[PDB]
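Chain A is fixed; fit chain C with the ligands onto it per the hints.
What follows is the residue order along each chain.
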Amino acid sequence: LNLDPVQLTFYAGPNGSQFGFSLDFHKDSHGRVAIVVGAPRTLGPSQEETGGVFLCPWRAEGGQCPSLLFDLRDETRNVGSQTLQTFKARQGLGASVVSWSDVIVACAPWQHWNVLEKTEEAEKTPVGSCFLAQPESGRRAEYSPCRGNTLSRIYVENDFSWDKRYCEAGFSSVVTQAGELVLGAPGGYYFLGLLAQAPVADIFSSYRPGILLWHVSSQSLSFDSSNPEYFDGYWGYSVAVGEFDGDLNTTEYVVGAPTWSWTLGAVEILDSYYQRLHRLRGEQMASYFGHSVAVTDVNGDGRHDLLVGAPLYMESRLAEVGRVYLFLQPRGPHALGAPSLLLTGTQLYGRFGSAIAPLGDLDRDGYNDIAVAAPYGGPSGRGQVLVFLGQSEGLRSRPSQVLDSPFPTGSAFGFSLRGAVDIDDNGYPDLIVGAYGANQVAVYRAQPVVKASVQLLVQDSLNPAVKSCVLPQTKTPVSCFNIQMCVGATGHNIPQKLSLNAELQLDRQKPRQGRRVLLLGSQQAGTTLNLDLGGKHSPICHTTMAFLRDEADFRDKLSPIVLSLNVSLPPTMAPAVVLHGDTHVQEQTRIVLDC
Amino acid sequence: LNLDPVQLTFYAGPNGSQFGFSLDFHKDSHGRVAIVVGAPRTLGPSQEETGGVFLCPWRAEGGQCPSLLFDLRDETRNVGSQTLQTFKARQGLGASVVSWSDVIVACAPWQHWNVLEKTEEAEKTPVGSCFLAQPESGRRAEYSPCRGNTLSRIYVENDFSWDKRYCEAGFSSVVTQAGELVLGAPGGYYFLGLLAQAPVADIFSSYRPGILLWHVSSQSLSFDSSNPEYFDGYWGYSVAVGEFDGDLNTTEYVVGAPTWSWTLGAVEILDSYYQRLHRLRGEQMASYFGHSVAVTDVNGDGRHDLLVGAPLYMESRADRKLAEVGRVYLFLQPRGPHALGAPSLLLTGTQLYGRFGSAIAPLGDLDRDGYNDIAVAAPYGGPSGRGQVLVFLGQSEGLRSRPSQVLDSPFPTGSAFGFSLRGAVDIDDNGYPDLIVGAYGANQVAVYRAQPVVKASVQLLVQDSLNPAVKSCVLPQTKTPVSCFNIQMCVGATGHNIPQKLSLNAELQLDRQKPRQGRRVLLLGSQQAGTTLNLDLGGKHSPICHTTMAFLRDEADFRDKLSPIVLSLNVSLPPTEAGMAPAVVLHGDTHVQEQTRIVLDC
Ligand SMILES: *[C@@H]1O[C@H](CO)[C@@H](O)[C@H](O)[C@H]1NC(C)=O
Ligand SMILES: *[C@@H]1O[C@H](CO)[C@@H](O)[C@H](O)[C@H]1NC(C)=O
Ligand SMILES: [Ca+2]
Ligand SMILES: [Ca+2]
Ligand SMILES: [Ca+2]
Ligand SMILES: [Ca+2]
Ligand SMILES: [Ca+2]
Ligand SMILES: [Ca+2]
Ligand SMILES: [Ca+2]
Ligand SMILES: [Ca+2]
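Taken in order, these protein sequences are the chains called A and C. Mapping of the first sequence onto the entry's author numbering: residues 32 to 348, 353 to 607, 611 to 633, in sequence order. The number in the entry's author numbering is simply the position in the second sequence, starting from 1, with 31 added.
These are calculated hints, taken from the structure and not from any lab test. Honestly, I wouldn't trust all of these hints.
Stated by the list, open to error - In silico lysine-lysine, PhoX-like type, Cα no more than 25 Å apart, as pairs:
| # | chain 1 | residue 1 | chain 2 | residue 2 |
| --- | --- | --- | --- | --- |
| 1 | A | 571 | C | 571 |
| 2 | C | 571 | A | 58 |
| 3 | C | 486 | A | 571 |
| 4 | C | 502 | C | 545 |
| 5 | A | 592 | A | 545 |
| 6 | A | 592 | A | 502 |
| 7 | C | 592 | C | 502 |
| 8 | A | 58 | C | 532 |
| 9 | C | 486 | A | 58 |
| 10 | A | 571 | C | 58 |
| 11 | A | 486 | C | 58 |
| 12 | C | 532 | A | 571 |
| 13 | A | 532 | C | 532 |
| 14 | C | 532 | C | 486 |
| 15 | A | 545 | A | 502 |
| 16 | C | 58 | A | 532 |
| 17 | C | 592 | C | 545 |
| 18 | C | 571 | A | 486 |
| 19 | A | 571 | A | 532 |
| 20 | A | 486 | A | 571 |
| 21 | A | 592 | A | 510 |
| 22 | A | 532 | C | 571 |
Same shape as in the complex, but just chain A:
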């Protein structure tokens, strides 16, 4: 709602693009936050297809960020017969970035790995990897469960089972609250999908430079499945962490399979033991249900809620426009299955739902908020971010704000969206929009929100011929009533330069020269006053006095008086304020005399 569109933070990257495929907020232990962006198609050791990650300090003007190296070299180790080796060709370092407690985990899902066992070989297959690093410490603990030495003949022998040659671990990187790192591998089990879990502390403990194999304590890998629906399931395409079970103190992983059950799609909730507590499938085939998955409690009830993206949805306008499915967390026995809000974009081929970013209390509204992105939406397919507030009792169905791509067509503005981290540390979380091949990363800063609570004090009714008030000049006896207005500013971090303007309307329904009551001071049927609330918490109530003419004067006495007070922000750069809540009170006064 309060995300500043007119001013944005622009971060540049390599001319080879991909700067913005994935990104996250690196929360420093000191309390600072900086944006870490993976560019999975930067230059290699010698102009090679590789990845790469940049670390941008949080700023406003922006610029060329420094680069954080993880691993770019074709290693080769001779374990007896097996001369195993790694290949950086199109590794994609930066396709998944997640940060936690001074550690950054950035993945290269398409990194290759071949083991030469004399004549036979393991084939140069994309096992993928995800490299961990504490930039302050400098320690690098690369993690790659799918790296192995089992030669291809063994795979071919029995049933091509328990394979990890092309798992592509790290297609989606997330980290729990405790620091446990979770990685997706869509290609695991012969292009079926597996997951990896390992403590970052344990990963750093068990890692040894040079050697290209380990087990790293009790790292938890997903179970291989022979179910036909899982074939080419593409599990671990997108992952997130949130609390969903009946017990606390445990972190669940939500994983998306956009091709589950013959491109139908699914999303699953897993514990650390991978018990599959809940699984919700898609509705439209080839709609890519699960491309991006987000976890946040926008309802404000505390219990986390689920958002699932289907950018390839074909709306029954059969127009290819994505859709975000919302799932509030209920208190039923087997609840959470039925979706509640189905948000759908407008621009054709917009891919509405490629990036769902939790935002938390974006506008100090008391409920969490979200930002969905359609990378090819908008007027001319540029791509647009749709901010949806909590609003309680569900989610804001309408876009509280629409952020337009300032990038040319095809930049896919809005592929990776992250929020839920107050970058301004002002109770107002910000948003970051990165896009694959964008070459630029945009950051939206939220602005203070002012809720208004408005009340009126007007006499309910009176005799038009009371004749108690006295006109100054003419000295005529007239009836009159007490008109007062009190508007107060609620919310957090309200700016002290507030200049709210209140406009009063007496007999609003009646037109001009059809009006009945009329102000003494200004001789007008309505005025605006600077009812500024800046610099104080108490409401301002400056009254007025409008006279009511004699019976014989007018004839609109049969019409009851309408007293509508409407408060609006001043019209006079960036407003830095968003009026919300009650802003128009129309308490009424009727005319009562005999009939």
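This is chain C with the ligands only, laid out in the frame that chain A set:
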């Protein structure tokens, strides 16, 4: 707790005018708050003590104030045979000022009134008169419920039954939320005392300038009692309103009778029909149990609680058998309303002849923690006897038994600092209720502003027990290896209206039990086991935690391997005394200890 004692506002009246005897907060139509101060001995137009009320607008420096021009003039109106007279000489206009909505009720209890019929009369007795005003419109009105025209001999003929000649109505004035003015006349019904309650709108709409004896049609008065206990009860010395019977439609009055049942003292809680719901007897005779009464929900359970004051309570010390200090009783209302019984808390003063409990002011939520705080004033307490005010914070069970803050008189001795108290109103509009204390001896009022309360939080994490020499990260500036680990402490500062310059200080003491310079655990850097560093939180919802590398001495080097390794994290405000007064109050947990041990084979 957070009431600033350094920067005070001083509002002055005329010399010897008793400016500050009673006071209340008047809210202007625009929401601007002003103070109504009674000065019950201000010089009248004819150089005589009559009374007066000042309307002090809120400022920073303070000073002189304008006064509400009432009608200070004796009145004489002959209604045919009789001759009604009102004498406004030493009437005490300002002895009880209470502001409700846009009206101010300033009562002169000692205004005299006579009815001259031929030779006879009704005796020139003090009936009292409250003066209602609307300073934004000039609408003046008067209310004298106890005025009568019955000749003196009639009461003698009927045993002084329903004798309302000595009411001094306005001795204690309150206004309910529904706009009903309730006056306690301690001297009504021949000093038994009564309550006179009438709607303010009816008071304004039944007053005609010139008529002295009229009758408000909707007013209600108490019942004269033949029970010997009530005699000379002064029933109406102090009066307050609150909810005590269940139904929120009915409003109940709490009325003090400080000399009920032969100076024993009592407080009666009774509904609008003056049916006694409950009676709270005194504890010690001549203690004036009922001198001050306040109603507020200190414990926050949603039910109003009662605060009684006995300024002349003589406590039973071990050394002194009976010493006059004063005592405030706290009664907590439970469910099942007609069960409020034994007192829940018994606060007692310290200074002799300090009159602890002469004023009980509900402060609202001064600390902003969901519980109601009060102020009890001893006008002659304090080591020098010049006057003290004690702030008591509310909690789940009763309220704090010790004064969170103590305010001392800035005025010379005998100023009666604390006689009049009034609070629970944000005067400067900074989100925190303020307090106004009236020292009529010095003819001044002190305004205390509540500075913001910074609620702190501390979380010092030490990962686990460690081995003496793990031979990890080397000792600083040496290739010599030692055992190293991380110390991380997150400190947060949450509060309302906190300034942008807040910067706490974290004292990190490494095994404070051991003497410094040779502690078992030092830092991997400067090696100083005690490091106090500033951590700024000037508008940061995210606690900031600068991790530190810490070194552990050799197993042979440190010989006490059995003593617990206890790290100390202390949070303190910076030395703001160098500049102006401390702008914040760092209430809350600011000091924690975290203990670990020495592990082996790790
Ligand atoms: C989580 O809370 C505490 C702290 O870790 C722990 O002792 C407790 O067993 C946990 N609760 C669960 C697992 O339900
Ligand atoms: C209080 O008064 C309201 C008037 O609207 C009434 O509806 C309600 O029943 C009353 N409650 C009682 C008498 O307990
Ligand atoms: Ca859980
Ligand atoms: Ca929920
Ligand atoms: Ca919000
Ligand atoms: Ca922000
Ligand atoms: Ca009641
Ligand atoms: Ca209570
Ligand atoms: Ca409190
Ligand atoms: Ca204040």
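So, going through the hints one by one against the coordinates:
The suggested pairing of residue 571 of chain A with residue 571 of chain C holds, with an alpha-carbon distance near 22 Å, which does not exceed 25 Å. Distance check on the hinted pair: residue 571 of chain C and residue 58 of chain A sit about 14 Å apart at the alpha-carbon level, within 25 Å; holds. At roughly 22 Å between alpha-carbon atoms, residue 486 of chain C and residue 571 of chain A fall within 25 Å of each other, so this suggested pair holds. Between the alpha carbons of residue 502 of chain C and residue 545 of chain C the distance comes to roughly 24 Å, so the proposed pair stays at or under 25 Å and holds.
Taken as a hint, the residue 592 of chain A and residue 545 of chain A pair is honoured in the structure, with Cα atoms around 12 Å apart against an allowance of 25 Å. The hinted pair formed by residue 592 of chain A and residue 502 of chain A meets the criterion: a straight-line CA distance of about 15 Å does not exceed 25 Å. Straight-line distance between C-alpha atoms of residue 592 of chain C and residue 502 of chain C comes to about 18 Å, which keeps the hinted pair within the 25 Å bound. In summary, the hint linking residue 58 of chain A to residue 532 of chain C is supported, as the alpha carbons are separated by about 23 Å, within the 25 Å threshold.
This hinted pair checks out: residue 486 of chain C and residue 58 of chain A have alpha carbons roughly 24 Å apart, not beyond 25 Å. For the hint linking residue 571 of chain A to residue 58 of chain C, the alpha-carbon distance of about 15 Å falls within 25 Å, and the restraint holds. Restraint check for residue 486 of chain A and residue 58 of chain C: satisfied, since their Cα atoms lie roughly 24 Å apart, inside the 25 Å limit. The straight-line distance between the Cα atoms of residue 532 of chain C and residue 571 of chain A is roughly 20 Å, inside the 25 Å bound, and the hint therefore holds.
Under the criterion of a C-alpha separation no larger than 25 Å, the hint pairing residue 532 of chain A with residue 532 of chain C is consistent with the structure, at around 19 Å. This hinted pair checks out: residue 532 of chain C and residue 486 of chain C have alpha carbons roughly 15 Å apart, not beyond 25 Å. About 23 Å separates the Cα atoms of residue 545 of chain A and residue 502 of chain A, which keeps this hinted pair within 25 Å; it holds. For the hint linking residue 58 of chain C to residue 532 of chain A, the alpha-carbon distance of about 24 Å falls within 25 Å, and the restraint holds.
Distance hint between residue 592 of chain C and residue 545 of chain C is fulfilled; the C-alpha atoms sit about 12 Å from each other, no more than 25 Å. This hinted pair checks out: residue 571 of chain C and residue 486 of chain A have alpha carbons roughly 22 Å apart, not beyond 25 Å. About 10 Å separates the Cα atoms of residue 571 of chain A and residue 532 of chain A, which keeps this hinted pair within 25 Å; it holds. Using a Cα cut-off of 25 Å, the hinted pair residue 486 of chain A and residue 571 of chain A holds, with the two alpha carbons roughly 14 Å apart.
For the hint pairing residue 592 of chain A with residue 510 of chain A, the CA-to-CA distance comes to about 21 Å; that is within 25 Å, so the pair holds. For the hint linking residue 532 of chain A to residue 571 of chain C, the alpha-carbon distance of about 21 Å falls within 25 Å, and the restraint holds.
Of the hints listed earlier, there is not a single one the structure fails to meet.
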